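The chain below stands alone, shown as structure tokens; this is the form solved without its partner chain.
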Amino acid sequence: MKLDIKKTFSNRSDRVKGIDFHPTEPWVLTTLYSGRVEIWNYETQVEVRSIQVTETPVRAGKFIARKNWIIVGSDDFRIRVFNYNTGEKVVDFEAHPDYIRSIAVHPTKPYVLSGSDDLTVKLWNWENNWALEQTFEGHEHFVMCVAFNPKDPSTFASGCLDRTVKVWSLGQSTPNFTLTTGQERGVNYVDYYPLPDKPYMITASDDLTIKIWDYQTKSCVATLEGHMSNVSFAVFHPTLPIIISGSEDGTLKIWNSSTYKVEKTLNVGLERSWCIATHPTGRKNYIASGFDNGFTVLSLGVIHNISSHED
């Protein structure tokens, strides 16, 4: 209901394009516009590893903690996987002949999805030598974001500058459905509400709007306005009744996920916001965002009756 937002750690660096939390260690992975990737322990404030991977932007990065890996994608067209304990480069392959925008990791099968400016999503299988298993075609502009449905990870969503979201089934060449968003400058980000109580998705656009979608009715539930520049992302928090968005206006916004009204605007002083992560297990309700001048990790904390000053 009412939240106390605390700044756990902020680190100034080059522009953070991708970010991810490790599920069991208090670490965040950041992928930078300079071609560097970094892992930081945000509780001790100590850098655990850094790698100059390339001299092009690294826009996408995720942990594959069950394999002790990070996986990153860069504008030089390549996907690279590193063991974060040894530093070994496990694989290095051309994934797409254009920029890689987004990487998603399946929760229980050895699958990774990549979305690209080449108009496609690709599925890679690490238990079959990182083979290209399937290319999902049908989008008509840059594929900006890919995300598995955490409630049914045999399906996933792609968001695209062609103004659509497509939801797909692994193994099938045509989408289960296509959502025409009416966000006329395209979709930069798509995410799922993670719990069973709502059949919802969410998109963010350069047209300054965030939209909530019902995948049963294929309808727009709500439109959230307030950002003054391109909206880079918007996500449902996995446990708290809020949506979190970030924008080239330099702010994070927190919105009520029931009424869709804004609640807070946070300016953490790092210029434009590009990316978001939420802790996989909800530990301390940690969230993290990457910006032009670095990243911040925040803890969310619910305010109970003793301190909420309701009387």
Second form
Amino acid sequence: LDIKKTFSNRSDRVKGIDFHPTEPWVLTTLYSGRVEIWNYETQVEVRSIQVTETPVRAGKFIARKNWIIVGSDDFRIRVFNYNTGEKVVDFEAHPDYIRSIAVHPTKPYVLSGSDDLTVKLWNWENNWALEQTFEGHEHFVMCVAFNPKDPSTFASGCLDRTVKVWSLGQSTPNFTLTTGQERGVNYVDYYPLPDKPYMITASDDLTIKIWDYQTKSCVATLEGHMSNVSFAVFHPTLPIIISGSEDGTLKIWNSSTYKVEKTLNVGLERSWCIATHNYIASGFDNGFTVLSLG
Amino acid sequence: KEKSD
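Same protein, different state: after the form solved without its partner chain, show the form solved in complex with its partner chain.
Full complex below, order starting with the chain above.
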């Protein structure tokens, strides 16, 4: 763990962030309605768009289509071609805020999680048709993520203090995880490797929890953040967990011992979002930062 | 609302 500072820049509050898989680019989506795509090696903006006047809380690359997809508090999903800058689709996806967007790794599917208490599946090869609504949660759906080892299933994290895991094509959850994080679930992520059936959740109750999704048990609890924990993720290649919080810090936890290894206060106020490519990137109140670990 | 920031 030699943490090197690749590229930071100040901006309005960064609510979403994503790495491009083949280009050295980071996408940020801002509370001001702007999105930015930065080449973090050369430190030049590849493209910027004033998408709306409302916060844009969710954004992802869809690399195989040369798109970004974003979702904003104006209720709308929009898709832009990052090479030409042109908007390719623009539709009202939910009658409320869009918190989270996930892209299926091999099929033309996108999920959106909303304050309307639902997750919705859209198919871009079927004219962006609504293919299914997953109803069940009792509060805002804050995060949605496919299972990378089985993307026919996905998890939703919700302020109703639960995580629900669903199968595409089925109306009810495969199971519902009672987190015990009584201030709600802000984020949910899968561990990517096949040796552990692990998921991780972050909460305003200052805890981070690891879950065995076969037995539905809590494997460990990571404590130490001083304020709401906005996200927690497994690193794809390093045996570490990365979290960020409104206490202004990133924390890197040992993924074997579940103990904190490093606490980074990057000086940009509250942390809100995370991406991993050993690059990681995080979005904050006052900008973003791209960090190399090895 | 709840999580507006």
